[PDB]
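Undergrad: Chain by chain, the residues:
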Amino acid sequence: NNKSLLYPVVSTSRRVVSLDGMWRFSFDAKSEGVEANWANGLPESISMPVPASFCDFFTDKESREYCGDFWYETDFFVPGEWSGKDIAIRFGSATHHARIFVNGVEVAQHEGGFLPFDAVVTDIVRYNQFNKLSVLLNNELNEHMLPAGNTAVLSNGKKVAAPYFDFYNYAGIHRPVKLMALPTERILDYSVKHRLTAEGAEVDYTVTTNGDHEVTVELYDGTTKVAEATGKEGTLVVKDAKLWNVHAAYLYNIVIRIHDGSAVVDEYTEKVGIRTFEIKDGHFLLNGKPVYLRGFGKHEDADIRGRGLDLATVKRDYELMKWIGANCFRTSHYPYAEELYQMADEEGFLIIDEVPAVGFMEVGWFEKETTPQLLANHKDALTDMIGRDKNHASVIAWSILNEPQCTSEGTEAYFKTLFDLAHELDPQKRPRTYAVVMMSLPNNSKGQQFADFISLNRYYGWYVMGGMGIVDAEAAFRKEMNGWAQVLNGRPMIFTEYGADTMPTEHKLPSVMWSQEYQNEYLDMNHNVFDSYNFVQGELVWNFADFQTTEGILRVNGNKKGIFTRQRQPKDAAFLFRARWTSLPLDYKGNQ
Amino acid sequence: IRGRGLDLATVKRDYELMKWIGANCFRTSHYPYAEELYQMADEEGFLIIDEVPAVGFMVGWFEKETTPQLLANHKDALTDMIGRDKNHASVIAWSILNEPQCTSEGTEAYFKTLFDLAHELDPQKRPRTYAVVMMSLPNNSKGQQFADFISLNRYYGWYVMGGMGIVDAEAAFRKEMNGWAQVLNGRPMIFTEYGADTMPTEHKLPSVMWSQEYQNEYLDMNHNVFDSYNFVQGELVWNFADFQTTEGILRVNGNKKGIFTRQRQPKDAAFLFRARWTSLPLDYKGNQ
Amino acid sequence: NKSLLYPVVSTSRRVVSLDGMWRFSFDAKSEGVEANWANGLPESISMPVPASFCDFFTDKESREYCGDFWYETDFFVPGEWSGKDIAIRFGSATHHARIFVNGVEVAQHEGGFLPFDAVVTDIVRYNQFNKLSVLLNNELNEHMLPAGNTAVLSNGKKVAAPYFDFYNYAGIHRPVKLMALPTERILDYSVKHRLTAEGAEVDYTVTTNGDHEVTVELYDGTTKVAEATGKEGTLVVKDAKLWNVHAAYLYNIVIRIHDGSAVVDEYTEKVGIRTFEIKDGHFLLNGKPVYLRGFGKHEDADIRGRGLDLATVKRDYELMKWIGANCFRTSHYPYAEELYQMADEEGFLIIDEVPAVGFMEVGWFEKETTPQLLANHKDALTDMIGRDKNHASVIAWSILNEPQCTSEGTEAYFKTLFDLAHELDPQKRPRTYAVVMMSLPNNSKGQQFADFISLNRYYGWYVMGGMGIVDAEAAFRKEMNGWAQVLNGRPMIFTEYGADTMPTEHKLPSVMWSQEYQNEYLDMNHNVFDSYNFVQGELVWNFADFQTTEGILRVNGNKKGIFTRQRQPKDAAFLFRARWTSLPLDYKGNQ
Ligand SMILES: O=C(O)[C@H]1O[C@@H](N2CCN(c3nnnc4c3sc3nc(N5CCOCC5)c5c(c34)CCCC5)CC2)[C@H](O)[C@@H](O)[C@@H]1O
Ligand SMILES: O=C(O)[C@H]1O[C@@H](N2CCN(c3nnnc4c3sc3nc(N5CCOCC5)c5c(c34)CCCC5)CC2)[C@H](O)[C@@H](O)[C@@H]1O
Ligand SMILES: O=C(O)[C@H]1O[C@@H](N2CCN(c3nnnc4c3sc3nc(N5CCOCC5)c5c(c34)CCCC5)CC2)[C@H](O)[C@@H](O)[C@@H]1O
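Residue numbers (the authors' numbering), protein chains in the order written: chain D, 2 to 363, 379 to 608; chain C, 305 to 362, 379 to 608; chain B, 3 to 363, 379 to 608.
One chain only, chain D, in its complex shape:
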């Protein structure tokens, strides 16, 4: 097996052709497509852009909320000059459950809507001809998948997603689909670990190939070689290394090659930032110095396109995060497109990487009969995420769950499995966390013991004791924080969520909940609490921007806790954060 999660690159040995554009599309309400031969051509179809969720193109709700099997189809050319090479199709992701057919032959299956996979087609494609690519997708939710939920059936027989999570169940092909030509012997993986030294830095590496020819690794500052090594394991000695820092990124160029004499059998290239990250004495140390995390929980969410990758929106989001003085964000509730991490690497932003283990909430959750099948799917996602993302300088922590019912029996065995795995799989041994739900308190949470740092999602002053009660909210908040003080045992804490829904058009004096003035007051109270406790070492606000949810009486066209609108313009709270975050030192509270 030649599994590889490496980003597709063009090199002397590798080719890449994007298959994005307008595809053919059809719902399959009776699940008849396979036996009816739809993999060889849809009888009826519409056009559908890839990448994008399908939901928000339509003007009818039945299509927006379709839940079941659906098909994507396109034709791709395979140049004849590729005939010596391995041929594969990379899917950045496909949501949620995928079956891939090429020329009518089923060539791949995949579980989980937010991580990449390849379909090898070397012996199925016709060369110098067009070939049919058919993708049978399904977007139904069940209780043993990431993310977790249910599928209901309406009184008219129609299926509808019923998530256990607070975001719309967007599905489709959300990320670029890329046809690749690869040499039969090739680099499948590599890893880097960094060490600071008196003369500079040292990068310890491994490379994994599917063959035995010789491996070299060269490191370049621009076009100037600064270090090289031979062998699948080694050390790169970088004199006076230029370290990657917050808002001061520096990226070297790594070149990995397989050699057969004077012939280069395979070349893989990628940017690499050199930096250390670790928890010591209740602080996050980046290159040996403390950093106070500030930023957001985000979503892959925008108007029209659902979760589809859009480099324009990504660019605007980073411009806004720099303007506001953020330095960190969490990939709230699923791994993002690789491109978002690539830009974080360039811009000097810190990332907490999170698998889609959200909705594990109300017998308690971790005693359900399906817990073993869920754990399997969870290990798979955790493995692929760490494998895909481990070499990004920007990625500094792993978040293993969001708001699980960690008061349930069965929590310890479940968490121990996954937290050990995260330790095993990450060569850099980055810290591990999970977002603690409101119902899980210092005194009853069976899961908090496993985290290297505690991440709280708290809504004191919104879901509890909002409005005129915010005085009581603050007192109840401090009460819980005194509880955490007794179980932390020197570990740091961050907030991964806090926020208040806010209509971007709403002004009131005095404030009311849903007004911009209330949002500012809400945030000031929370920051007063944060600043009161030595062990609070970061604040990520919920959310960067307004985003879509299922309809309900609580959701005024989606979630309105954004600091920015869905159109990436600031609410009043954006200027409050800008004043706070740009005025706190990078090492705020670093001596506490």
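Do not take every clue at face value.
[What the hints assert, rightly or not] The calculated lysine-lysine pairs, modelled on DSS-like cross-linking and capped at a C-alpha distance of 27 Å, are:
(1) D:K272 / B:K179
(2) D:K243 / B:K133
(3) D:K495 / D:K462
(4) C:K495 / D:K62
(5) D:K133 / B:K226
[Unchecked claim] Ranges between beta-carbon positions, derived for each pair:
(6) C:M455 / D:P443: 54 to 60 Å
(7) B:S64 / D:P520: 19 to 25 Å
(8) B:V256 / D:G262: 42 to 48 Å
(9) D:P520 / C:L600: 46 to 52 Å
(10) C:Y479 / D:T123: 53 to 59 Å
(11) B:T207 / D:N2: 52 to 58 Å
(12) B:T60 / D:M484: 34 to 40 Å
(13) C:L312 / B:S548: 42 to 48 Å
(14) C:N328 / B:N607: 55 to 61 Å
(15) B:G232 / D:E112: 55 to 61 Å
(16) D:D222 / B:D396: 42 to 48 Å
Rather than coming from a laboratory, the hints here were simulated on the basis of the structure. Virtual Cβ for every residue (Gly too), placed ideally from N, Cα, C.
Starting from the structure of chain D, add chains C and B with the ligands where the hints point.
TA: Same frame as chain D, but now just chains C and B with the ligands:
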């Protein structure tokens, strides 16, 4: 700005809007209004259902230790409201409670005192009613038997089975109506409340709850049910205009179920209601 | 070797997209060329392509930058392409472009809305990476399309001063594609349709840069239905399935150069068979009258400016179908080819418009730079018709938007361009232009050249709005009585009418800027349209709110959209849906 203060400019605008939209009736939802509002109803020819502030009556409510003292305050309010308003041509019925827990033990004793009193005090013996909460069903309400006509407050498609569930909301609404048909004993029914919160600035296609398109679709679904049942003889929508509530996660600067904004300007739904209500004859369904 | 054909992959051709994150730098001092920036930017930021650069930034100075700026990327040329011609296609580059590869300047282009190629066969290194550097300039002048001025602020910074009502978005707005092509290749082809008793016949021409034999084959699906040899010929299609409004049918055309048993080059494309002509004051599509209904659009969306985004295109078409439109005009510049491909597939009619907007104030067409403007106008008309002529959806050419056609010099300028459009278009489709409010039946020197008249009128908005709307209708009806006397049996459509409308505003009774006023305005205008037999189409301004330069009249851009910029309906969208889906396709087609 003025809260509940009387302001004849606003009253005048409210009547201009009710005439424009084709309304003929309103209920004094949750408390008796200032006299001037009934005087204008008399001048313009509107029907009024007069309601005392017996709202919030959530051990069941009517087994509480303070029930005797509540009843005494309720008797006084009913007496002064009928005493003050009985001579208005516009006032044509008495609403004695809004959404009491009329499944509670002790409901019958409390209701009988008050409904008997309303009969004794009114020289014109106008019909008596109360707004029935959603949890009070044909098969478990101990209070509906007292009403001369039934007034339902229903939110099928808002609080219950909203959004993509509206198809289920309509089915459950019809089933419950089928159950009311068996207890009405020939009495008429009106809806005193139905509605959906709507930001006056929100448009979406397809609709989402809180959009003006959802408000229109919600109203259409409900009207289709109303029109299916011969015994439905009136429809009062909640609410005429956005109004202030206590702060809360459910209230985007107060209640937004208004057909008009708090500034007395129409949302899309006002044009839906204008087209419907001005097209129905005054005696719509009068032979059914 | 000029060719405006859409880049395709075939047995002889390769295409690799260069879209993604590029490097970018402003060049405020215009120093980059002499400073060797083409071999690498000293300082740079990342920038998505395709997109406008403007709306990413948080500072106004960057959003409003006017001058030289650079885009750069590295691109791989596979060694297996040796022997092929290597070219980089730019869908567009706004406004004035100089292209460098490995430090060598290989192309220049004028005009920000039409494609061009940079041939780099002998400049690139094979099986290696090469540096692509793009020096762009977005300054406006009075002799370009579109027209404007570039002002200098008191701090010395330049700022665009358009003579047109849309923001001066610039950047690389459309896909950049690297191509490998055979040295002898198809450069162009044209089709021309005729209906017959037995089906349809397609008269074609093909242009190549060589002498080897040419064949043309037409396939229904995979099923060949016609073929022919020669650079000119006819394809006989029995029982031809015609392309129709909201009912498209597309055949596949395959053009090949042959050298014995070898296919030297192959080009493929979809083609819809249909006729379109003006007869007795009506638009005839496949011989039957069509009443045009729809919009003026823009290439405009949140964040990306005029950047191509298939997601927004798909939504726009879903909304146009939902509302009952059948037609739009490419308001004030040719759009990305992808929009026309979708119109071919969905059965939408398009009026293709060149960026000849801003020609207004000695009168405009007596300005000293008039001959320079005309030359740029001819090139854009040449490239637009050459690019778009084989689209079944394209059924008319708009040669200008609101020129001062009352000016001296109008006749000689217009004749040149209306004659040229016939020389450029084998199908001889109807030609028009959008007539400004100040140009009336009795004083317009331009209107006589149009095959159908297109009016932009704002009776009830810019003229006699509000309580004056009763006078606006009377003045409108008088002007229409005047047009009746000069039409000479020609049809008329409205290409613009509309009223700015905040999507949040309700008032009873209406005020200008409220949704109720927008509805009343449209009702008044439609009452007038329906009073005149010669009105054969209505295109409202605009499909969606779009960005303009800042100003007291522009509440964050133009608010005349029927949809918001986020593609949600205002009240008037429901008004149009009820009207446009109630009108028969051949509405007013017998009068
Ligand atoms: O919601 C958000 O914005 C985001 O927050 C996170 N999660 C936080 C907790 N969570 C809730 N979501 N919705 N409602 C409530 C909670 S908890 C809670 N507790 C409540 N009471 C506690 C006991 O005393 C009285 C108050 C009440 C309510 C809620 C709402 C109904 C009435 C009272 C799920 C989402 C998610 O990580 C994030 O993906 C999501 O977007
Ligand atoms: O609310 C209005 O606009 C107006 O309506 C009337 N009253 C209607 C019912 N009433 C409610 N107020 N707020 N929330 C709920 C109800 S009932 C209900 N049922 C619910 N579930 C029941 C079981 O099945 C599924 C649905 C849920 C909720 C509510 C809210 C949280 C989510 C689930 C009190 C006010 C008042 O006469 C009026 O003065 C007031 O202004
Ligand atoms: O504007 C739009 O929305 C769109 O319309 C088209 N164009 C139409 C006319 N045009 C104008 N733009 N702005 N203002 C005026 C005009 S004409 C006119 N005439 C006026 N008076 C003439 C003499 O009698 C009394 C009325 C007055 C005004 C205007 C403005 C101030 C009040 C008096 C240029 C743009 C463009 O093709 C389109 O790209 C643009 O987006």
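Undergrad: A separate judgement is required for each hint: does it hold in the structure or not?
TA: Checked hints:
Between D:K272 and B:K179 the CA atoms are separated by roughly 24 Å; this keeps the pair inside 27 Å, and the hint holds. Distance check on the hinted pair: D:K243 and B:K133 sit about 25 Å apart at the alpha-carbon level, within 27 Å; holds. Using a Cα cut-off of 27 Å, the hinted pair D:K495 and D:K462 holds, with the two alpha carbons roughly 20 Å apart. For the given pair, C:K495 sits about 25 Å from D:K62 by alpha-carbon distance, which is consistent with the 27 Å threshold.
At most 27 Å may separate the alpha-carbon atoms for a hinted pair to count; D:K133 and B:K226 meet this at roughly 20 Å. Hint check: C:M455 to D:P443, Cβ distance near 59 Å, so the stated range 54 to 60 Å holds. Range check, B:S64 to D:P520: about 24 Å between beta-carbon atoms, so the 19 to 25 Å window is met. Distance hint check: the CB atoms of B:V256 and D:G262 are about 45 Å apart, consistent with the given range 42 to 48 Å.
In this structure the supplied range 46 to 52 Å is violated for D:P520 paired with C:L600, their Cβ-Cβ distance being about 40 Å. As the Cβ distance of C:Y479 to D:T123 is approximately 57 Å, the hint placing it in 53 to 59 Å holds. The given range of 52 to 58 Å is respected by B:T207 and D:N2, whose C-beta atoms sit roughly 54 Å from each other. Distance hint check for B:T60 and D:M484: the Cβ-Cβ separation is about 36 Å, which falls inside the suggested range of 34 to 40 Å.
With their beta carbons about 45 Å apart, C:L312 and B:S548 fall inside the hinted range of 42 to 48 Å. For the pair C:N328 and B:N607, the supplied restraint of 55 to 61 Å is violated, since their beta-carbon distance comes to about 47 Å. The hinted window of 55 to 61 Å between B:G232 and D:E112 holds, with their beta carbons roughly 56 Å apart. The hint said 42 to 48 Å for the Cβ distance between D:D222 and B:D396, and at roughly 46 Å that hint holds.
Hint compliance for this structure: hints 9, 14 are not met, and every other hint is.
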